[PDB]
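2 protein chains.
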Amino acid sequence: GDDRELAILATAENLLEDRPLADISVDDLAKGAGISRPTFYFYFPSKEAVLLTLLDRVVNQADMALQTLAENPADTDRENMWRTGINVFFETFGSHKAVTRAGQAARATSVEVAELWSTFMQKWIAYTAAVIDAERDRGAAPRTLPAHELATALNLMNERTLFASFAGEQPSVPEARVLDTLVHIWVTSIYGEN
Amino acid sequence: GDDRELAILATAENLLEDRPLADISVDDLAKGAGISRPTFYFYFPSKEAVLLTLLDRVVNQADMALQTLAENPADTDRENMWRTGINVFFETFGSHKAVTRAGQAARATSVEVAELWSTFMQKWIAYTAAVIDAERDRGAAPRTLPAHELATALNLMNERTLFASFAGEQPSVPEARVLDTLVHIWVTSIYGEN
Ligand SMILES: O=C(Cc1cccs1)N1CCC(c2nc(-c3cccs3)no2)CC1
Ligand SMILES: O=C(Cc1cccs1)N1CCC(c2nc(-c3cccs3)no2)CC1
Numbered sequence: 022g023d024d025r026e027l028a029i030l031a032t033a034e035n036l037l038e039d040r041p042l043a044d045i046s047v048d049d050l051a052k053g054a055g056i057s058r059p060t061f062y063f064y065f066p067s068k069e070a071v072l073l074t075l076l077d078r079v080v081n082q083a084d085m086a087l088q089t090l091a092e093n094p095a096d097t098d099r100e101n102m103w104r105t106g107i108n109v110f111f112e113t114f115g116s117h118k119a120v121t122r123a124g125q126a127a128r129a130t131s132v133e134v135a136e137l138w139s140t141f142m143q144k145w146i147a148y149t150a151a152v153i154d155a156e157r158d159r160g161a162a163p164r165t166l167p168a169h170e171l172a173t174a175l176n177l178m179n180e181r182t183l184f185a186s187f188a189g190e191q192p193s194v195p196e197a198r199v200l201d202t203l204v205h206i207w208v209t210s211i212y213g214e215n
Numbered sequence: 022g023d024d025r026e027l028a029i030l031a032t033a034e035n036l037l038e039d040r041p042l043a044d045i046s047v048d049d050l051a052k053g054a055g056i057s058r059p060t061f062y063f064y065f066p067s068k069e070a071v072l073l074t075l076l077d078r079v080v081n082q083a084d085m086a087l088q089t090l091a092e093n094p095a096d097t098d099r100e101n102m103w104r105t106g107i108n109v110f111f112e113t114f115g116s117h118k119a120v121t122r123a124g125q126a127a128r129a130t131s132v133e134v135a136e137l138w139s140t141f142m143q144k145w146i147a148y149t150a151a152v153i154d155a156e157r158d159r160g161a162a163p164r165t166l167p168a169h170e171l172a173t174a175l176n177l178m179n180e181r182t183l184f185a186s187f188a189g190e191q192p193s194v195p196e197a198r199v200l201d202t203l204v205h206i207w208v209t210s211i212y213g214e215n
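Those sequence lines, one after another, are chains A and A'. A prime marks a further copy of an entry chain. Here the first sequence is numbered in the entry's author numbering, starting from 22 and rising by one per residue. Here the second sequence is numbered in the entry's author numbering, starting from 22 and rising by one per residue.
Certain hints may be false.
Which stretches of chain A' does chain A cover? Using the computed rule of at least three CB atoms under 8 Å from a CB of chain A, they are [said to hold, decoys possible]:
1) 22-35
2) 101-109
3) 117-125
4) 174-181
5) 200-211
Using 20 Å as the maximum straight-line C-alpha spacing, the simulated DMTMM-like pairs for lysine to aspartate or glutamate come out as follows [as the list claims (entries may be wrong)]:
6) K118(A) with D48(A)
7) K52(A) with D24(A)
8) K144(A) with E69(A')
9) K144(A') with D39(A)
10) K68(A) with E100(A)
11) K118(A') with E69(A')
Hints are computed from structural coordinates only; laboratory data are not their basis. Every residue, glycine too, gets a C-beta built ideally from N, C-alpha and C.
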């Protein structure tokens with residue numbers, strides 16, 4: 022049941038490291054999970070549905086980590102505050118590169134994946150805008166751009182930049198430099214008067 | 022010849038406003054261009070090849086505009102300098118939304134489109150890094166992040182942010198706000214000490 026479902030998910034994540042979803046068959050997933058093809062269909066309608074579930078788990082893992090971080094007052098300087106927050110995503114997605122990559126590609130062909138991604142981006146944007154708003158209320162950040170618009174561009178930068186780095190795209194920021202790069206751009210853009 | 026090729030390209034751009042490339046047939050393109058299906062194949066191997074040519078034209082149009090801007094000394098303040106440069110892309114791609122959108126989607130399925138996009142991004146990144154380098158050499162910008170890494174993240178932000186805006190994605194910065202948004206983030210990140 023749950024163990025059979027978990028074995029399917031684990032197999033899918035494992036095979037995605039090696040090849041794209043299109044190059045993975047239901048037969049591959051069932052065999053890896055130690056089940057027959059018909060029993061696979063009991064747990065999932067398609068290999069696409071398996072990817073959706075994997076992505077859902079990873080996105081919720083990131084979201085929960087951000088919540089935990091948020092629940093702390095975490096006595097710190099402003100640059101470190103944003104660094105720890107960006108790090109949640111760098112580490113969570115960076116620890117699930119195959120799922121991240123496959124998940125992003127599926128946005129084009131799956132309305133469900135597209136909606137899932139959109140939902141969490143909206144959530145993460147709203148949270149960053151709320152923190153920017155709090156910083157401004159405190160007198161720590163200047164009232165420059167609309168906070169929500171600023172948050173949107175910064176989050177979209179992170180999406181494109183982190184994922185290009187993890188995939189080793191040309192061009193991309195080296196994975197070992199991407200955290201410092203994004204932190205600099207967040208801190209200067211949020212706190213910079215100009 | 023050239024007029025028949027131009028009519029094919031014009032028809033493709035026109036139909037792409039209404040539907041995705043997959044929903045456009047060779048028959049559709051030939052009919053719009055006032056030619057037969059077999060004569061279409063004289064000019065292009067596929068509808069995919071037509072999209073590549075459209076994208077190539079748009080990307081070169083943007084690149085040439087940037088070059089012209091660069092050839093000016095254009096006596097200005099630093100914020101306006103970057104604004105005029107980002108505007109080249111906002112206007113060029115914003116004037117060819119259908120081609121931009123279709124072109125970006127084709128990155129996933131066409132190595133030729135993927136390479137074309139990569140080539141020009143690399144070029145635009147190198148140019149921005151060179152300008153940042155010049156600014157630092159002049160004493161106008163502080164020596165913070167590696168210039169090329171900074172340029173990479175900023176250009177990737179522009180790619181994701183402009184294209185989400187043009188497509189009206191959820192989430193996206195409103196098209197009427199995206200230029201000011203990106204300019205703020207460029208100027209604060211390039212000139213900000215912190
Ligand atoms: O990187 C992202 C989100 C991403 C989107 C796509 C890839 S990564 N974020 C969103 C949330 C943002 C944030 N941190 C915080 C913090 C609160 C307390 C410490 S950090 N609030 O918002 C950090 C960076
Ligand atoms: O927006 C972009 C490139 C894009 C990439 C993807 C979408 S838009 N750029 C790249 C070049 C950058 C630049 N401007 C300049 C200028 C020289 C002189 C005036 S502006 N140098 O580099 C402006 C912004």
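We went through each hint and held it up to the structure:
no. : hint                  : result
1   : 22-35                 : violated (count 0)
2   : 101-109               : violated (count 0)
3   : 117-125               : violated (count 0)
4   : 174-181               : holds (count 7)
5   : 200-211               : holds (count 8)
6   : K118(A) with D48(A)   : violated (23 Å)
7   : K52(A) with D24(A)    : holds (14 Å)
8   : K144(A) with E69(A')  : violated (36 Å)
9   : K144(A') with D39(A)  : violated (31 Å)
10  : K68(A) with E100(A)   : violated (41 Å)
11  : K118(A') with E69(A') : holds (17 Å)
Figure legend: structure checked against the earlier numbered hints; hints not met, in rising order: 1, 2, 3, 6, 8, 9 and 10.
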